[PDB]
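Only one chain is included here, represented as structure tokens and corresponding to the form deposited in one PDB entry.
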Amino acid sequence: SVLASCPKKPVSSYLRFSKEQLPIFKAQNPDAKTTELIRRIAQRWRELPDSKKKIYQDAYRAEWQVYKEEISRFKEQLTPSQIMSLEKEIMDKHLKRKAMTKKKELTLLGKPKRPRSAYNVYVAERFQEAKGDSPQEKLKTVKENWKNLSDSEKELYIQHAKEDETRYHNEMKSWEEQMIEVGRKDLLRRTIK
């Protein structure tokens, strides 16, 4: 496709150093953790004189000149909407990482789960017991049954969802006070139902 074929930017002088140094350390200290080895290499990089780092730097600058030529030839043979298409795929990769990071930090601060719908409850009750082998088929058949329920048969889950709706308010009121306590008012909601 597009982003696949696109030339990649050269890695830094330190990265080239670690990439070469790592297999050496891993063969001398075979049972040491890899994270330990990287920490030892980076140290070694610091100790290294400036006349030696420059060699790595001169190599990097020259690869960058190659990349500038390469990315030009590549973009020249692309149409304008295709270049925008290229930028979009790159932006998505950034946004997807930022999104991951945020979600990781919110679980770390123990943000309450969102309220489950009656249907969320329904799936939760009927799943181990479902006409299907694969979970994809099992869910597919659970949603079949849900479409055939009258409002009166739904009563148990509607009432299980009204309760969980209340649990959410409580855990949220609590969690948001605590976020103010540790100085994170940015994580509070603007609107409340």
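Heads up, when I say rigid core I mean the largest set of C-alphas that superpose within 1.5 Å between the two forms. Numbering follows the first chain given and starts at 1. What changes on going to the form deposited in another entry:
Fitting the two forms on the rigid core leaves the C-alpha of residue 94 displaced by under 2 angstroms between these two forms. With the core held fixed, residue 163 shows a CA shift below 2 Å between these two forms. Rigid-body rotation of the smaller part against the larger part between these two forms amounts to 15 degrees, from C-alpha fits.
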Second form
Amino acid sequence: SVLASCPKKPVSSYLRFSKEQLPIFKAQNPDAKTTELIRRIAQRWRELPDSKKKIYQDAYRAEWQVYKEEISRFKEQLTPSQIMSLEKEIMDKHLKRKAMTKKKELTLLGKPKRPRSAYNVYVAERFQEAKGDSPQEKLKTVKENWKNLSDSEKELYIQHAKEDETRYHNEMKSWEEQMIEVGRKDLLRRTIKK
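Having seen the form deposited in one PDB entry, could you give me the form deposited in another entry?
Here you get just the chain by itself.
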């Protein structure tokens, strides 16, 4: 809301060079990986004479003065309700990035998935053939079918979930022991269910 129209900080020298250089390198090397083009761009920035870098730096200093002006002008027009909604948006965006960074590290570290419930088991088996066009309609079908299962049929799902709670217990015991060996005791559970 407020954060969308908020003036944004200017781009520093190298990033300004990189933005202009990447389309040129991408034109001349269309099947190359961007990571590799960025590595060459950064080598070109390092070799660049200081008199050329200064040209970029001077524009940055001047863009920073425009920024101070825009950000003062913006903030001054804001009501306390706006400021407050701006600070919440910034907080939410920060929290969401922090949580995604923590999740990607757990995937990189090979963390075992949580146990699958008898219901998760049923969604896995039943989804493909469940009536519905879109995945949201098919899930509404599945959930209703789950509601109507006999004890006889529900037992199969209950037994698959029992096995997965054992796999979860085994996998966790060894992953936690490995996290300790790599010095990541912060990743371990505080509480474990009996």
